[PDB]
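*Asks:* Residue strings, one per chain:
Protein chains: 2
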Amino acid sequence: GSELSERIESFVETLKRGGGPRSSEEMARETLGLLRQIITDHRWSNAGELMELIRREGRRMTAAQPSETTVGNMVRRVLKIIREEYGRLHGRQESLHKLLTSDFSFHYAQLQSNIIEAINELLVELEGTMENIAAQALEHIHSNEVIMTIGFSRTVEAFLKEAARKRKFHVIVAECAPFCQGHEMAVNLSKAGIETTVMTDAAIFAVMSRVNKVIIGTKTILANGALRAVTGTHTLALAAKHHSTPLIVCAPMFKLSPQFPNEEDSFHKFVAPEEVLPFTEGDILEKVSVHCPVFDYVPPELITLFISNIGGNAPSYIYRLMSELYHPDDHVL
Amino acid sequence: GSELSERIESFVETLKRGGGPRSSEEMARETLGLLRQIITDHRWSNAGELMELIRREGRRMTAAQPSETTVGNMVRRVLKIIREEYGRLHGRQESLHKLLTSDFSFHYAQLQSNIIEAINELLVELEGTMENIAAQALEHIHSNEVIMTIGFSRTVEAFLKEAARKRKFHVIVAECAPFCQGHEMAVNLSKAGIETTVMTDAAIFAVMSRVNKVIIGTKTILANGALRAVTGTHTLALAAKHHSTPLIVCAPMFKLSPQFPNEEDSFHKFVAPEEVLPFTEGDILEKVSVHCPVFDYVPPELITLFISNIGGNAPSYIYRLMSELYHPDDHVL
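Here the protein sequences come in this chain order: D and C.
PDB author numbering puts the first sequence at residues 8 to 99, 106 to 115, 121 to 351.
PDB author numbering puts the second sequence at residues 8 to 99, 106 to 115, 121 to 351.
Please note that the accuracy of each hint is not assured.
The list treats identical chains as interchangeable, and a pair is accepted whether it falls inside one copy or across any two copies.
[As the list claims (entries may be wrong)] Cross-link-like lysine to any residue pairs, in silico, SDA-like; alpha carbons within 25 angstroms at most:
#1 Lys259 / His110
#2 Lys259 / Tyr337
#3 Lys186 / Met226
#4 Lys111 / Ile134
#5 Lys184 / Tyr337
#6 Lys231 / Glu213
#7 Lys179 / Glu10
#8 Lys184 / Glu16
#9 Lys179 / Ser208
#10 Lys87 / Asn53
#11 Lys87 / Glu56
#12 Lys87 / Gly40
Hints listed in this document are in silico derivations from the structure and should not be mistaken for laboratory results.
Required output: the full structure, derived from the provided sequences and hints.
*Replies:* Below, the structure written as structure tokens:
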């Protein structure tokens with residue numbers, strides 16, 4: 008009750024004010040733990056009340072920070088898990110087959131235990147996601163290869179550190195200005211023994227002619243295979259497409275969102291202009307419009323491969339993955 | 008003269024029966040020497056008769072072997088030299110300026131010495147073409163580059179040997195089947211300490227993703243910037259264009275032919291089917307049509323740069339060079 012309410016309020020305020028969990032996996036774990044706490048603590052008779060309350064909590068969580076899709080992704084995953092559990096315990106996708114062939123009020127005592135067990139299994143699968151993704155590094159990196167990365171991605175870092183145990187290759191890291199987080203990635207990879215280069219975004223095209231493949235992370239994967247990545251990733255994808263350089267996205271399955279690129283102006287995250295133009299400029303700040311978008315939209319035609327904890331896939335298959343994770347009625351939430 | 012006639016017939020028969028000067032520079036030199044001998048020995052009262060006889064032997068030379076454009080190029084160069092000498096001695106290109114603003123057969127008794135001097139100057143300029151092309155190797159090759167070649171080109175071999183004195187790089191040579199002359203090129207490049215790889219044509223598109231730039235020779239440069247090259251160069255150029263890999267053609271100026279790619283079915287050189295399918299196959303040779311084209315047509319849009327003894331040019335400028343070498347009335351010959 009009070010503990011649950013204060014935990015929810017703290018989570019919402021942390022999302023609204025930023026900071027909190029740097030790791031996306033940590034954010035997913037905290038979201039799942041909070042959802043489990045709501046399921047255990049909150050009182051509900053039938054599954055319909057659970058749907059309504061989880062939907063309200065997820066709506067509040069995503070309204071706190073719409074650019075943080077992992078929270079909504081986990082909320083929809085929990086809703087799908089609850090729906091599947093109810094269908095298994097009570098009963099026995107839209108398609109041409111279903112179209113040709115063709121009630122949550124009922125109550126069950128053991129449904130809650132099954133829901134918690136499924137959520138715990140999901141958490142266990144989430145725990146080993148990074149190792150599962152990194153275990154595929156040797157199948158995609160050959161000897162004396164050149165890899166291009168932008169910003170700081172922990173999944174890509176684990177990928178490269180696992181590949182470096184048996185192969186020698188070069189990694190080029192482009193800083194993601196203004197938050198030049200690529201410097202930390204470069205120094206980490208150098209500490210791991212990999213030979214690394216640090217450069218600004220302005221050189222992304224210039225050196226792309228000498229890059230064998232591009233390995234990047236993302237914040238979100240849309241239903242059509244599009245990316246909500248850090249800013250400057252669209253230019254990197256365009257430069258890779260110019261040279262037909264394969265672009266690999268190493269992203270866990272919990273970053274898949276059933277949304278579509280129809281949404282406008284809430285996609286990119288806009289922050290204080292101080293990052294781009296300092297406050298000490300003076301009077302010219304009065305008449306100059308300064309905008310600092312954090313995220314970028316990447317169309318699916320610029321992506322070659324998705325590597326996740328379940329293996330490799332093409333963007334054209336992303337829809338099927340989206341069909342296996344979320345019910346079509348939970349996209350609106 | 009009888010000796011001149013026997014030399015002309017020897018040249019014509021050598022062209023018809025194949026072989027002869029292995030290097031294109033040697034055959035250009037031989038053509039220029041033969042033209043000089045014809046000019047000296049034959050009796051001509053005025054410039055028009057000299058033009059007519061030059062055109063007659065040029066027609067015979069070109070009809071001996073149409074696929075060898077160097078002979079016709081030298082004949083047309085001599086004709087343009089005669090035109091410019093007669094115009095400078097006697098008097099003072107179709108353009109809008111000439112159109113808005115708007121004859122031979124007048125004997126002068128001083129044109130022959132000028133013609134011979136210009137021919138000798140052309141010969142001296144022809145002697146040092148390969149060194150002039152090779153001197154620009156360092157401006158186009160950087161450290162630890164990957165270069166790709168097809169067949170055996172002496173100009174490209176000189177290019178790479180000159181570049182290898184100061185930089186270290188890798189060279190991949192694709193054998194030009196059936197006449198696998200790329201083996202000779204790879205062995206020669208390995209003799210100079212360059213790390214080299216031998217592979218077949220079928221692997222070209224397989225390795226273009228790891229190639230930085232493609233440096234090739236050619237047999238002929240057409241008026242629009244197209245190429246007559248060894249068979250397999252068109253697919254190599256298409257593969258380079260797929261990856262936006264810069265394709266450099268190292269070809270001297272005497273390989274520029276003022277004809278257009280309108281001509282068909284005589285562009286390629288069809289040789290005996292023994293090179294592709296051996297005679298020992300037996301009865302199946304009765305009902306199998308096997309063709310062995312020696313040359314390939316490369317459209318101008320697949321060529322990035324032309325490196326010649328006068329420097330680097332784009333294909334879009336080739337027309338101007340044509341207008342600087344040949345008179346438009348000598349294109350038909």
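*Asks:* So, for every hint listed, does it hold in this structure?
*Replies:* Outcome of the hint check:
1. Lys259 / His110: neither (38 angstroms within a copy, 44 angstroms between copies)
2. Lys259 / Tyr337: Classified as within; 22 angstroms inside a copy, 32 angstroms across copies.
3. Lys186 / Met226: Answer is both: 20 angstroms inside a copy and 21 angstroms across each meet the 25 angstroms cutoff.
4. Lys111 / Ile134: Intra 30 angstroms, inter 89 angstroms, cutoff 25 angstroms: neither.
5. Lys184 / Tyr337: The answer is neither: 35 angstroms in one copy and 53 angstroms across copies each exceed 25 angstroms.
6. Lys231 / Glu213: both (16 angstroms within a copy, 23 angstroms between copies)
7. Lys179 / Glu10: neither (40 angstroms within a copy, 77 angstroms between copies)
8. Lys184 / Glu16: neither (47 angstroms within a copy, 67 angstroms between copies)
9. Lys179 / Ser208: Answer is within: at 10 angstroms inside a copy they meet the 25 angstroms cutoff, but 36 angstroms across does not.
10. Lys87 / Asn53: For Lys87 and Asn53, the Cα distance is within 25 angstroms only inside one copy (16 angstroms; across copies 97 angstroms).
11. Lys87 / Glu56: within (15 angstroms within a copy, 94 angstroms between copies)
12. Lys87 / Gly40: within (16 angstroms within a copy, 87 angstroms between copies)
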